[PDB]
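Asks: One letter stands for each residue in the lines below.
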Amino acid sequence: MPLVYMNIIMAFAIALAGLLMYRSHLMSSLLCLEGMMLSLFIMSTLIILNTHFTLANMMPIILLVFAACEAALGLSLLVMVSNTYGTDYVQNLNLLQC
Amino acid sequence: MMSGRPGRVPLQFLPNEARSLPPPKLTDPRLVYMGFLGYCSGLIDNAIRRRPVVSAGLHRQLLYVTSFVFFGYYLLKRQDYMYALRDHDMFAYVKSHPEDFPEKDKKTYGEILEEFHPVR
Amino acid sequence: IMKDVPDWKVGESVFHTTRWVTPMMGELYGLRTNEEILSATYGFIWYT
Amino acid sequence: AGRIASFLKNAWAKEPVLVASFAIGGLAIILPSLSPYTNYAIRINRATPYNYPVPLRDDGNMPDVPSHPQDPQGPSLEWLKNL
Amino acid sequence: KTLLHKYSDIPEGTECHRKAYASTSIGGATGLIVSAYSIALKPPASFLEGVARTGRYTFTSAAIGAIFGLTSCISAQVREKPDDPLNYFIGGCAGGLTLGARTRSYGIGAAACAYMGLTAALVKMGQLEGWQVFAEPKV
Amino acid sequence: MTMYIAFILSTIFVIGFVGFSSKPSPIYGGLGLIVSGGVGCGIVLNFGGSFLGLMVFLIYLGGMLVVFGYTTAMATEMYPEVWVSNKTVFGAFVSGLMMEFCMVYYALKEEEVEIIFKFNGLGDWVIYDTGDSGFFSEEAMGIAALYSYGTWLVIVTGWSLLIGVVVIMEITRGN
Amino acid sequence: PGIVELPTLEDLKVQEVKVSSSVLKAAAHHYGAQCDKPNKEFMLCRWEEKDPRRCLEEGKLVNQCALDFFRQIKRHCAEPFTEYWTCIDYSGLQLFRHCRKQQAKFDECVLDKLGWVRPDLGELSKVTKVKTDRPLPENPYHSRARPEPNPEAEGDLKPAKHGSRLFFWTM
Amino acid sequence: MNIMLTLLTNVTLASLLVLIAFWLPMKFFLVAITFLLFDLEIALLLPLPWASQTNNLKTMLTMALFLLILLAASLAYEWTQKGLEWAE
Amino acid sequence: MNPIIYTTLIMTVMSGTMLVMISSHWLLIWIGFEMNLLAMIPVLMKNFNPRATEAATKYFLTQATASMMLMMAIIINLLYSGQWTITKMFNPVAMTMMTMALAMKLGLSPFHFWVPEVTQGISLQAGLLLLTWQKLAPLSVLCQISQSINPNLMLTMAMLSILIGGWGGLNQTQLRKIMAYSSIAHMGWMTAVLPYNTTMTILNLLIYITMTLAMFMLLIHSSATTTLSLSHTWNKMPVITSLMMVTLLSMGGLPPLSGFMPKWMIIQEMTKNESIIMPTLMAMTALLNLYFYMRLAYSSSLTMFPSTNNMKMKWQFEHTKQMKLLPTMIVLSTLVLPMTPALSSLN
Amino acid sequence: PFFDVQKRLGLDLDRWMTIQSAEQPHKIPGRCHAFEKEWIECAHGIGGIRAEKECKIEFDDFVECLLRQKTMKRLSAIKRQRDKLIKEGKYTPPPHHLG
Ligand SMILES: CCCCCCCCCCCCCCCCCC(=O)OC[C@H](COP(=O)(O)OCCN)OC(=O)CCCCCCCCCCCCCCCCC
Ligand SMILES: CCCCCCCCCCCCCCCCCC(=O)OC[C@H](COP(=O)(O)OCCN)OC(=O)CCCCCCCCCCCCCCCCC
Ligand SMILES: CCCCCCCCCCCCCCCCCC(=O)O[C@@H](COC(=O)CCCCCCCCCCCCCCC)COP(=O)(O)OC[C@H](O)CO
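Chains as they are written, first to last, in the deposited numbering: chain 1K, 1 to 98; chain 1d, -1, 2 to 120; chain 1Z, 97 to 144; chain 1b, 1 to 83; chain 1Y, 2 to 140; chain 1J, 1 to 175; chain 1X, 1 to 171; chain 1A, 1 to 25, 53 to 115; chain 1N, 1 to 347; chain 1e, 1 to 99.
One should not assume that every hint holds.
Stated by the list, open to error - Have a look at the derived ranges for each label pair, beta carbon to beta carbon:
#1 15 (chain 1e) to 84 (chain 1Y): 56 to 62 Å
#2 55 (chain 1d) to 338 (chain 1N): 25 to 31 Å
#3 12 (chain 1e) to 126 (chain 1Y): 52 to 58 Å
#4 115 (chain 1J) to 139 (chain 1X): 39 to 45 Å
#5 317 (chain 1N) to 62 (chain 1d): 28 to 34 Å
Claimed, not checked - List of simulated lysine to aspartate or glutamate pairs, EDC-like, C-alpha gap at most 16 Å:
#6 70 (chain 1e) to 108 (chain 1Z)
#7 60 (chain 1X) to 41 (chain 1X)
#8 25 (chain 1X) to 83 (chain 1X)
#9 56 (chain 1e) to 148 (chain 1X)
#10 37 (chain 1e) to 60 (chain 1e)
#11 37 (chain 1X) to 71 (chain 1b)
#12 131 (chain 1X) to 71 (chain 1b)
#13 105 (chain 1X) to 79 (chain 1X)
#14 129 (chain 1X) to 59 (chain 1b)
#15 73 (chain 1e) to 111 (chain 1J)
#16 105 (chain 1Z) to 5 (chain 1X)
#17 129 (chain 1X) to 48 (chain 1X)
#18 37 (chain 1X) to 57 (chain 1X)
#19 56 (chain 1e) to 41 (chain 1e)
#20 139 (chain 1Y) to 269 (chain 1N)
#21 139 (chain 1Y) to 274 (chain 1N)
#22 25 (chain 1X) to 89 (chain 1X)
#23 236 (chain 1N) to 318 (chain 1N)
#24 101 (chain 1X) to 79 (chain 1X)
#25 37 (chain 1X) to 58 (chain 1b)
#26 84 (chain 1e) to 110 (chain 1J)
#27 37 (chain 1e) to 64 (chain 1e)
#28 73 (chain 1e) to 114 (chain 1J)
#29 126 (chain 1X) to 58 (chain 1b)
Hints listed in this document are in silico derivations from the structure and should not be mistaken for laboratory results.
Just so you know, even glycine gets a beta-carbon here, dropped at the ideal spot from N, CA and C.
The whole structure should be built from the sequences, with the hints applied where relevant.
Replies: Structure below.
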């Protein structure tokens, strides 16, 4: 199988590691979550365009319009923890210890 | 398992083959249990709402008993249908696969040597 | 080219069927020089 | 009636952009339904040979399909010609 | 599961060196998994403390595997019992005693002996028999 | 060269991911994804897919990511870390470098990379199909079925977006 | 599994029509209208056989009749063709719209000189049958034998023997 | 290729003439998020031109107009419940 | 919220899962999961308190990430078969990918730390919705693709839920935290039986759902979120605490209560599948759940607890909410054991 | 579907795009339409567990059309053994190879 797909497949994995590992900022995590659906978009388009699955061209447009809905929700939650805590650092988000 | 057996018209709570079964008699011990649960629902309903338990709006008790029995009665029809369906398609496979279910041979206990272990 | 290689049935069928599968460009051009590959595959896409 | 007409008049008095939007959107939703050319739009849409007219095995008993492309039998878009 | 396959392939008792190396490899690998979780859910102060936690956890787990494999194999051919569960019973307590010395507590050592000794016999118990812990869905 | 151009772009695509996966400053992380977003369309463009590729530029790169960095602009601390700053960020970057180098080296010498998915290491071009497309673009004529075959898709994706508009106000209302 | 049969290069060698795009498109309507039966035979063979190697002979006749079509017009007003297809060439999209007078020049020989006729819109797009010789392939997809479907249920749905038969539940 | 050549030449020209100029000498969020949702909904009807030539354009008419009224509906709910009247 | 606007958010998520249980296409299943998440977030933050803001953030990040992992599980299966229909998966790593992806949406294995914190932050009314309805959507997909499931893959997930649910439940104080851990423990039971026969998986789901509503809406009536706060309710509303005790015994699993419904059949089902060590551990470690059920039972009704003078004022006023379906939910979760052969209806 | 309302109501929402051999806009093939037609038409009314066994040959070909693993792997042997022949001069390319 073509190396361009493995290039995409790691692209998910390195994006996956960045989302899970966290460093300081939820902005970066939201950025990492977007690389998730991004690499999914090229991977979806690549397979679908290669196989001439005409109706399946549906999914790429449908994929990110719903992935962008995560941004609509994810970005909003960040500003609220930014409004209350200050910086949106994940370390601040620890009130629910119990 | 069921699930996708030949002929599975979806969301069909009572397929037409169920009409060939003996309907659950109204005096079924299972059916009256649904009625008993309905009464217990009525007692709790008055108990939770600070009502005089038994003699507290018997109309609500009638609704609870009627709903449980009616919803129960249709349940036994499906309950008996699927149970009968399980044995029906069962009883045909053994015929179609006789070598998969070989019949044992007559050997009376007079020839079977069951070991006798003494007990002390 | 693979007369010398030990085990290779010349023109070995890839698919189990005997029906003519459309031959993808890889076996078509393949051996061709990179100029032929470049102009024929990404030719429509890069033509402007 | 009287209040409804006055409601529209004051709507046009202070909010003329929205009543323009609602009117245009209001029309644009109902003429396509009772349009007399909508069927024409479909007819010319199917009368655009993107795909090749693959021939059929001549087994007889079918007179409607032409034997020759220029033959009179078969569909014609003479309607498309004048409109 | 090649790592787990090593222990099974080597005959019981015979080739004690191979059994010991395989058994401590299983323990060490298990020690890696738990230590990795320990750093994750409960972070230490710095990296030096992180490897300190790994050093303790891996050394304990590797020791349990090493002593269990050694005692189980060395007891098998000495007693000429390649099937008796007792060959693993003293192995479990060998790990149990090994853990007790690792954390320096007599009480936890005795409990580890009793618990690991039972499970080790139980793990052996299924090896002779057909016991399956992850049985395929036959029905 | 030019034959490996999709491979070349795919390589920049991976290292572009390491740019933002390393979690640098949110503006700088966005930029690392911006280039990663840019090259990814070119990978799609080289395979056809003009419209699908063009969206990655428009509604994602010039779309979703614009308000993304816009949020990072008015948020975040007064001291934004420069890419070097924390040694972990550069450690993550070099870490991403060693993964793509080892596979690519393994890909171009032995061609038998089996990591998770078994993938054979040939050029990008040995995967394209053959055949003429007539007078209709396959991508264009596919997503144009949004209103001829995309019946249940439009009903659901439209409904959720309306709920998307209502959920965002309800969370941002502040009760 | 096995060798894939490929026709030899000998019969493959076929006179290829040595004309450009503009000349083909300029006379495409008349070419399609007049010499069409061999095209239909080859067209049907390609969609029915689904195997290109089966209909290579008909491909030769498709070219062969094309030479005959181009030969007849060569003897006829070739100079108007040179005028017609040159202006057609000078169009980026080869639109017939620009070339009308020179199009009329070509059309007004073939209607009487060659006895042909310009096909109006639609007839060339008509789905037409073709009287052929090649029989219908037995299975163009080269389908294999189908698995036997499992036998379907049969018999009156009798009541379950001895009730639910789930532990102590009698019924 | 030509596309790559064009963009490459533009970058060098910008880079070259930059170098000679360097060595020789909640409301803010709401407007962002509302645009994001409208922009995503806009991408749905971008394929409209070719979609207008589908062979069942009647179903297209009901549903292409569907997205457009939802665009209005999303704004209408936004407008009535404050929304576009941003916090001030 | 505005009552009409909270209504659609309540039942947009009703429809989001409804799509999943009816979609035959892989993309559409993700679509319902998207509306599931998109409508869950506002409900969790109805009250707008920093606990809810944290709870929504923790819930969103977990569910979103699991949804993304689900997509590439879909793509890989497409990459290797080109089939968008939901059937048995045609590749191993894709099967392994979604099992973990679907698990995190549900939450049984180490992907469970979000479950306690999210329900603790959010209100009790939204707690039942999260702990009851938000589990049918992941379970519907799992029951669909149970044929291709990896038997090792699921079962170790199943115990790690019940052992974690069993162990940590002892130390919990907040009633929502205890309820969440029991939900994790209950989640393990049907997930373990999922590879063998999904009928008991649905049967365990239905019974567990019935028990949880009986638990949550009674707690809503108690208006209490802590064990001590629940303890006081003995004096004001002694009947509720008595019903609190019967559902605790039921949801503990003691016979002949309805908690013996799922376990017994689940124990029986795996025993037919030759897996016999597996049931014994789950049945025995289920007692860990029973201990803090006993702990709550002791402090609620069996032994009365000290009260406060001000709660004499509480007696002077009657309740207002009618707590719909509470009477029928309790009875349907205590005395339905004799109706065990009704499980044939599900299959 | 877990609840196959799709079949009961007799109205299509998702099965139109589920397979690439279904109806397509302006009747364009999905590359491997021929192969997956054989596999699906092998698998109807056979059951999931059965069909994976008997219809394995059809599935293997369809994957080889879709996935294209071994065909270009063999083509890899064509090129790798090619340049490992020209580099020592053992092979010379005929002139149709270039132009
Ligand atoms: C023949 C094949 C096998 C041959 C080899 C023998 C078996 C493998 C080796 C023994 C494995 C089981 C024994 C335990 C190993 C791990 C020990 C460990 O993690 O110790 C560290 C710690 C205990 O100390 P702690 O509580 O942290 O207190 C000190 C704090 N400073 O730990 C803890 O705090 C947590 C508790 C321990 C970790 C969790 C449980 C780990 C073991 C699970 C079962 C493993 C089974 C392995 C064999 C079968 C599978 C291959
Ligand atoms: C499976 C095993 C058993 C499982 C369940 C065990 C339950 C008890 C376990 C211990 C519970 C904790 C300790 C005790 C808690 C007591 C709770 C309580 O609220 O007690 C005080 C309270 C006072 O009673 P009050 O509410 O005033 O109502 C009186 C009647 N009007 O008392 C009450 O509110 C109780 C009211 C009870 C009302 C009973 C009504 C009986 C009606 C019988 C009808 C018979 C009809 C027969 C028909 C025959 C022909 C068909
Ligand atoms: C408080 C702790 C327990 C106290 C003491 C309780 C009694 C001690 C023994 C407990 C027995 C539990 C398991 C018994 C269930 C039925 C098993 C049975 O009927 O026998 C089977 C015995 O098979 C088993 O493996 C059953 C389990 C054996 C013991 C292992 C699990 C139980 C011990 C650990 C859990 C309980 C201890 C507490 C742990 C916290 C026969 O099957 P087979 O193995 O012959 O199957 C056919 C073929 O050979 C394939 O296997």
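Asks: Now look at each hint and say whether the structure bears it out.
Replies: Outcome of the hint check:
Remark: the range hint 56 to 62 Å for residue 15 (chain 1e) to residue 84 (chain 1Y) is upheld by a beta-carbon distance near 58 Å. Between residue 55 (chain 1d) and residue 338 (chain 1N) the beta carbons are some 28 Å apart, a value that agrees with the proposed interval 25 to 31 Å. The hinted window of 52 to 58 Å between residue 12 (chain 1e) and residue 126 (chain 1Y) holds, with their beta carbons roughly 57 Å apart. Look at residue 115 (chain 1J) against residue 139 (chain 1X): about 42 Å separates their beta carbons, and that is inside 39 to 45 Å.
About 30 Å separates the C-beta atoms of residue 317 (chain 1N) and residue 62 (chain 1d), a value consistent with the hinted range of 28 to 34 Å. For the hint linking residue 70 (chain 1e) to residue 108 (chain 1Z), the alpha-carbon distance of about 12 Å falls within 16 Å, and the restraint holds. Proximity of residue 60 (chain 1X) to residue 41 (chain 1X) is assessed by CA-CA distance (about 12 Å); at most 16 Å being required, the pair is judged to hold. A distance of roughly 14 Å separates the Cα atoms of residue 25 (chain 1X) and residue 83 (chain 1X); the hinted pair therefore holds under the 16 Å criterion.
Taking the CA atoms of residue 56 (chain 1e) and residue 148 (chain 1X), the gap is about 15 Å. The hint holds against a cut of 16 Å. With a C-alpha separation of about 13 Å, the suggested pair residue 37 (chain 1e) and residue 60 (chain 1e) falls inside the 16 Å cut-off, and the hint holds. Our distance criterion of 16 Å between C-alpha atoms is met by residue 37 (chain 1X) and residue 71 (chain 1b), whose separation comes to about 13 Å. Simply put, residue 131 (chain 1X) and residue 71 (chain 1b) have alpha-carbon atoms about 15 Å apart, close enough for the 16 Å limit, and the pair holds.
As the CA atoms of residue 105 (chain 1X) and residue 79 (chain 1X) are separated by approximately 10 Å, the hinted pair is consistent with the 16 Å bound. At most 16 Å may separate the alpha-carbon atoms for a hinted pair to count; residue 129 (chain 1X) and residue 59 (chain 1b) meet this at roughly 9 Å. At most 16 Å may separate the alpha-carbon atoms for a hinted pair to count; residue 73 (chain 1e) and residue 111 (chain 1J) meet this at roughly 9 Å. About 13 Å separates the Cα atoms of residue 105 (chain 1Z) and residue 5 (chain 1X), which keeps this hinted pair within 16 Å; it holds.
A C-alpha spacing of about 13 Å is found between residue 129 (chain 1X) and residue 48 (chain 1X), which places the hinted pair at or below 16 Å, so the restraint holds. For the given pair, residue 37 (chain 1X) sits about 14 Å from residue 57 (chain 1X) by alpha-carbon distance, which is consistent with the 16 Å threshold. Among the hinted pairs, residue 56 (chain 1e) with residue 41 (chain 1e) is consistent with the structure: their alpha-carbon atoms are about 13 Å apart, no more than 16 Å. A threshold of 16 Å between alpha carbons decides the hint, and for residue 139 (chain 1Y) with residue 269 (chain 1N) the separation of about 11 Å falls inside it, so the pair holds.
A hinted pair counts as satisfied when its Cα atoms are at most 16 Å apart, and residue 139 (chain 1Y) with residue 274 (chain 1N) qualifies at roughly 8 Å. Distance restraint check for residue 25 (chain 1X) and residue 89 (chain 1X): the Cα-Cα separation of roughly 9 Å lies within the 16 Å cut-off, and the hinted pair is therefore satisfied. In summary, the hint linking residue 236 (chain 1N) to residue 318 (chain 1N) is supported, as the alpha carbons are separated by about 10 Å, within the 16 Å threshold. Using a Cα cut-off of 16 Å, the hinted pair residue 101 (chain 1X) and residue 79 (chain 1X) holds, with the two alpha carbons roughly 14 Å apart.
Restraint check for residue 37 (chain 1X) and residue 58 (chain 1b): satisfied, since their Cα atoms lie roughly 12 Å apart, inside the 16 Å limit. Proximity of residue 84 (chain 1e) to residue 110 (chain 1J) is assessed by CA-CA distance (about 14 Å); at most 16 Å being required, the pair is judged to hold. Note on residue 37 (chain 1e) and residue 64 (chain 1e): the hinted pairing holds, with a Cα-Cα distance of about 14 Å set against a maximum of 16 Å. A distance of roughly 14 Å separates the Cα atoms of residue 73 (chain 1e) and residue 114 (chain 1J); the hinted pair therefore holds under the 16 Å criterion.
Between residue 126 (chain 1X) and residue 58 (chain 1b) the alpha-carbon distance is near 15 Å, which keeps this suggested pair within the 16 Å criterion.
Consistency with the previously given hints is maintained throughout, with no hint failing.
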